[PDB]
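Just one chain is shown here, as structure tokens, and it is the form deposited without the ligand.
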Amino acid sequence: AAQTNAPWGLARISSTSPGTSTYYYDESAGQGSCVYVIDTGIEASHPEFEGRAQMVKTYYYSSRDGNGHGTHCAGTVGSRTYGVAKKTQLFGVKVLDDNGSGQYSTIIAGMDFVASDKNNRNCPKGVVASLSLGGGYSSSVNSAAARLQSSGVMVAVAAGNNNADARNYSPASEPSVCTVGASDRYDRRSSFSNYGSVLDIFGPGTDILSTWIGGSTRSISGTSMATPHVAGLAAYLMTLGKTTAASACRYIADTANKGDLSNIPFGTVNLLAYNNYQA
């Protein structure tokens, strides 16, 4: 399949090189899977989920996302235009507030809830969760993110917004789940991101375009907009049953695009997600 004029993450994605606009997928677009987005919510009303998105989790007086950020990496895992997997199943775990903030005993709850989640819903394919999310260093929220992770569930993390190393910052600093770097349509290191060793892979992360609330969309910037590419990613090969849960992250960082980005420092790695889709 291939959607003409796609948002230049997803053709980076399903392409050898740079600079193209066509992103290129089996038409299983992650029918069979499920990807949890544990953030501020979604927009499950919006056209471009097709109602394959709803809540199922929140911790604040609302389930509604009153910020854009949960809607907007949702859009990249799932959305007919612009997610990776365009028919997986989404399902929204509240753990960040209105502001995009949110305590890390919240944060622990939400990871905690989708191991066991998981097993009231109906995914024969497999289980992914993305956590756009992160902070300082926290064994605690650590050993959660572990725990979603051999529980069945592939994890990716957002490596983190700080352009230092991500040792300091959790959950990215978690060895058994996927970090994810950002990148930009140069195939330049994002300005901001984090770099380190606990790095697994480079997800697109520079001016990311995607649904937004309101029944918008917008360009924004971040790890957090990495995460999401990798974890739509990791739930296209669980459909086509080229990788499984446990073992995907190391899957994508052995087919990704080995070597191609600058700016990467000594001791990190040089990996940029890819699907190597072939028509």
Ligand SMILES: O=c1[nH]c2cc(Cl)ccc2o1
The other form holds:
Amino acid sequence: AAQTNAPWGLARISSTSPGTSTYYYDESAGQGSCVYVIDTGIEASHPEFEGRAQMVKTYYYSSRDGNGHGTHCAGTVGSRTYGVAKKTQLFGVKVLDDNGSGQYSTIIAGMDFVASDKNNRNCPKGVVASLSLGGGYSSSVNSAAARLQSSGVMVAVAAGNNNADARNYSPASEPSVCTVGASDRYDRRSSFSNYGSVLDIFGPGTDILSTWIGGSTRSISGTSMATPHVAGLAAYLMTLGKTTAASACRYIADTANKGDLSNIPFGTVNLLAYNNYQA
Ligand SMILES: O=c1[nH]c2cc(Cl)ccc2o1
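Would you mind generating the form deposited with the ligand bound now that we have the form deposited without the ligand?
Let's see the whole complex now, leading with the same chain.
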């Protein structure tokens, strides 16, 4: 399939070159996979989700997204226009308040929730979790991310937006999950993106158009925006049978565009997520 006039990040993950505007992908489109978006919630009623999104858990007075951040990330995973995996099922877990903040103890509870809740969902092709959040290093937060991964969920986490070494942030610093840095439309490391040996992959993160609350859309930037590209990519590849939750991060690194990004510090991977789709 080909989506013309796609957001640049979509076109980028199906391209060997920057500077194109069509997204190419296999029509299976993540059908039969599921992606948990652990964030501020999802506006599931947005027409862009086509009934494929739902809230499954909140730790606050509402499961509605009063911020927009979770809806934007969910849109990059799987919305019809802005999404990598356009037929995946989306499950929202609201661990962050409407100001985008959440306690680590709630975030941990949300991760253990997904590890169990996947057994209450139909995801024959596999399960992904997208975690566009983090704070300072915590071994308990990292351990929760490792349990979720161990349970058979492909965990993608944001590297963080401090222009710093991601070793000092969690869950970014957990080795067993997929830590995602941010790039821009000219194949430059995003100005804010964290870096370091713990990063596994980069995805599009600067000026990313996606869904927003109020049935709207907007373009925002962050490693929070790169992470759902990788999570949607994993769901898409698992539906194709090319990889599994346990192997998907290594597979995406194996199949990435290599050495194409600028301003990558020495010792940080120079790998850009790529679906390797041949139309
Ligand atoms: O301190 C922070 N803020 C963060 C935001 C994201 Cl998306 C990831 C890690 C973080 O660490």
